[PDB]
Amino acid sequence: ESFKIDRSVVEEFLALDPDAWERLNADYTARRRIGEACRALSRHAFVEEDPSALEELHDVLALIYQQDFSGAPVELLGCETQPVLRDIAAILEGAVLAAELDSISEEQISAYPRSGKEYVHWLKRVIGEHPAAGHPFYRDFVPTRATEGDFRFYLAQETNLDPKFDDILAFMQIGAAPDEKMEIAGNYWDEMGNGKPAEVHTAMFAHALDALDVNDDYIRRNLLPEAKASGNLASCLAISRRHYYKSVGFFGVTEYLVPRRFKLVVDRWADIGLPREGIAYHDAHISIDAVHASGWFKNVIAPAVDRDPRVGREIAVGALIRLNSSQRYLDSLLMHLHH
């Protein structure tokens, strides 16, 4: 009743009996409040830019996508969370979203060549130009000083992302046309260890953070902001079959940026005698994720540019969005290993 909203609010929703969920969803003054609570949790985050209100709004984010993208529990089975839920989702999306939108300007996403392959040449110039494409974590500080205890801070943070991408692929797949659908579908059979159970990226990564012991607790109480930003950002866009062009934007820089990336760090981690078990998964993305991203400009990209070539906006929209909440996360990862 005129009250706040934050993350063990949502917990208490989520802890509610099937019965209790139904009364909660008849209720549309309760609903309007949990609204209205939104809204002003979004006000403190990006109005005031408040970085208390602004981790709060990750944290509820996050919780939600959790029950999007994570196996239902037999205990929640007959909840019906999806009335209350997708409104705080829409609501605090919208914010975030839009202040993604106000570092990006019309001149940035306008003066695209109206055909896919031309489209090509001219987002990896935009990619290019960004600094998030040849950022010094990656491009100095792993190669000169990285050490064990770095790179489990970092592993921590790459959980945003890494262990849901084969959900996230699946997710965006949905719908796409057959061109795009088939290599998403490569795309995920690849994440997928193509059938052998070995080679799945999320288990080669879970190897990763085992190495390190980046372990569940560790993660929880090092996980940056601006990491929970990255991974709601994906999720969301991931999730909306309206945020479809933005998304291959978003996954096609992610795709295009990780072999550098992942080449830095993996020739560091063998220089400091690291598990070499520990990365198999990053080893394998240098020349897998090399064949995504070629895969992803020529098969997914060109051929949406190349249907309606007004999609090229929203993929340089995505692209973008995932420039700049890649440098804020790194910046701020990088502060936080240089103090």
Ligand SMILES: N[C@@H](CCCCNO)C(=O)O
Given for the second form:
There are 2 protein chains.
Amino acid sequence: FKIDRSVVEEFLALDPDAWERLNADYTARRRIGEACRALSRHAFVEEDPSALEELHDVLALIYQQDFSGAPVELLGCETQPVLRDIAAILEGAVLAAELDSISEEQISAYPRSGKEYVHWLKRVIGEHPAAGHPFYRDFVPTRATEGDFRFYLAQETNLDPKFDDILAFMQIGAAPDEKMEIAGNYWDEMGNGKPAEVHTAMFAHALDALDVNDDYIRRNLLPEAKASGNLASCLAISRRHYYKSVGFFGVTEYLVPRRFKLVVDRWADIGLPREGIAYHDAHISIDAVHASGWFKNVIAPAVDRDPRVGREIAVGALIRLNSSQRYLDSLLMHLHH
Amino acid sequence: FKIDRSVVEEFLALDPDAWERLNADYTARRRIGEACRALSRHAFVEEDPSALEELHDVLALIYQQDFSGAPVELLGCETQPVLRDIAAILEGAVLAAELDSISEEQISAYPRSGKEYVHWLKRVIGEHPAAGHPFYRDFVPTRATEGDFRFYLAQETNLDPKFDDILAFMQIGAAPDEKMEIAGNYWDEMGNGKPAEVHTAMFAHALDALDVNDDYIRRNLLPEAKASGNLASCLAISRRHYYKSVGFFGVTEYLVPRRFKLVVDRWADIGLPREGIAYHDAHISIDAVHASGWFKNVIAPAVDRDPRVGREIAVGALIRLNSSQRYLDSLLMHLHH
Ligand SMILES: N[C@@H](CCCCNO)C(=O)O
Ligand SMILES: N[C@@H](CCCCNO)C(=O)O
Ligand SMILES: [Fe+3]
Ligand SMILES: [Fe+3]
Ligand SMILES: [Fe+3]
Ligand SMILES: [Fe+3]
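Show the same protein again, this time as the form deposited with the named molecule bound rather than the form deposited without the named molecule.
Whole complex next, starting from this chain.
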């Protein structure tokens, strides 16, 4: 028995009674889990590229179920016993592979107090090549065309369209100072109550401006872009990944202003529609504030409450930096060719 | 093999390697699932009261893991394959029992348009005895002592302390009008950015005022109060229960002002601490606004988008009304004796 995205599409087409029968059959469920371990081995031991893409296509479909409004025809289907077992197996393998790129020295010599930890982490971020990647520093300002931006925005659908729900998942159960900062960030994402200013709405306008339609996205989404989006989903939805999420999305907010300023300036130079760049233009100042509040009110209080979490925050920051590097190197490699 | 709360406490004490070994053993996992079906049968077929309380003690512990900040020692433990299978089995039985009390005529003759559906649902709510329950209408204004209120507030820890995260879970993936209303409600719950005004913080002050400490809660929490809190958790955390949640928490907001006005007036008459009633006092006007916005901006747009969801919203409203009735009848029965 082999598992791939089409096998899971078939599961999601089952009616509520068929799901109940599957959930009651632990032999069928053992076989599904074994098929996931086999796929995980092809993807990360053999490092077969088609198995790696298949694995992230499967995870992406499962997270679609976690993040999307359920359709009426599926409201009676108990998908958690099977889908959560699949996700646990594939996630475990994705994260073990990320951790293989992270050394213990990288995540252990931090200062064990909040304000000092923030300075250390900014330095650690600044050492990493993703903090000044040539896609943004070099290619965008000098070469990027409308078709380049269209391809780039297709990759960016991996994360930006669900950022408000990432934050909503993250703040579940969070301590007060951290929760209040994440909550204010989420409220900004929802336009502070004004529909026109909702961030996902303005990002959708950028997609419209370059005709980044769903078929173009499906055909052009890079495997490393899918991995990036799956890592974001993986970390946000589990309480036990909260402190990794703190580092992962802290790095994200921190790097947006430098990256988006480059995108916005080029977008203007080549005369692309002003209406389409409102999202990126707005985030240049918004995420300078978000990044400042995230360090001061999420990271520093967490470390001050329990310095042991500085190691988890550092791992999440490095997972974001490493996965962003692989994604941007792959993107820049496809855009050159 | 029997499953109870202490068996699941033991699972949660396992280290990450022991969890990995358990997750890989589908024979052990088949036995856990079979033990859950056996407990479910004792609880809802035999209707054994100790099995029913044990079942909700198990669910409550699992939802604690979904809703609480994870402790550092547990960050490496993959609990989803087993805990989600347990929850699916016990939840399926809890909800089947709720649906046994709901007739098809109750959830099918609604008008298939939003504004009209709102009037229908308010009428349906008004027919149900929980909408004017004697605990609030009769006992509170005339008899409730400080010890009665202390016992009551212990029961209310089933829901109020996690209402902000219920809303955050609920709005995941929601359509824009509905999402923006839920988001504004959540932001109100977080004091609109002012820590002193965060609703869970002010509820904690009410608990402090009557010494509703964790040991008192543990010893006094009624089985129907646990069932109420578990139903709230169950519906909020699954995307497929979104439309039930819309009805369940819509009824909740709608009934708060009448109930809390009775509580606040009695609390004053018997001279209890003014500082302790700030939460309930504030919610009298807050939830009149929340209830109005919930009907207008959540329920009516959902029904207008797809009238089929009026049946799910109605089921969730009746689950809230029925479970509130059982809880308040049990509470009033213990307070009389
Ligand atoms: N996709 C962009 C950042 C996305 C942040 C979302 N803003 O709320 C990047 O990778 O830098
Ligand atoms: N526990 C109360 C309502 C709780 C609503 C929370 N307010 O944000 C009741 O059962 O009426
Ligand atoms: Fe944003
Ligand atoms: Fe931001
Ligand atoms: Fe509230
Ligand atoms: Fe409210």
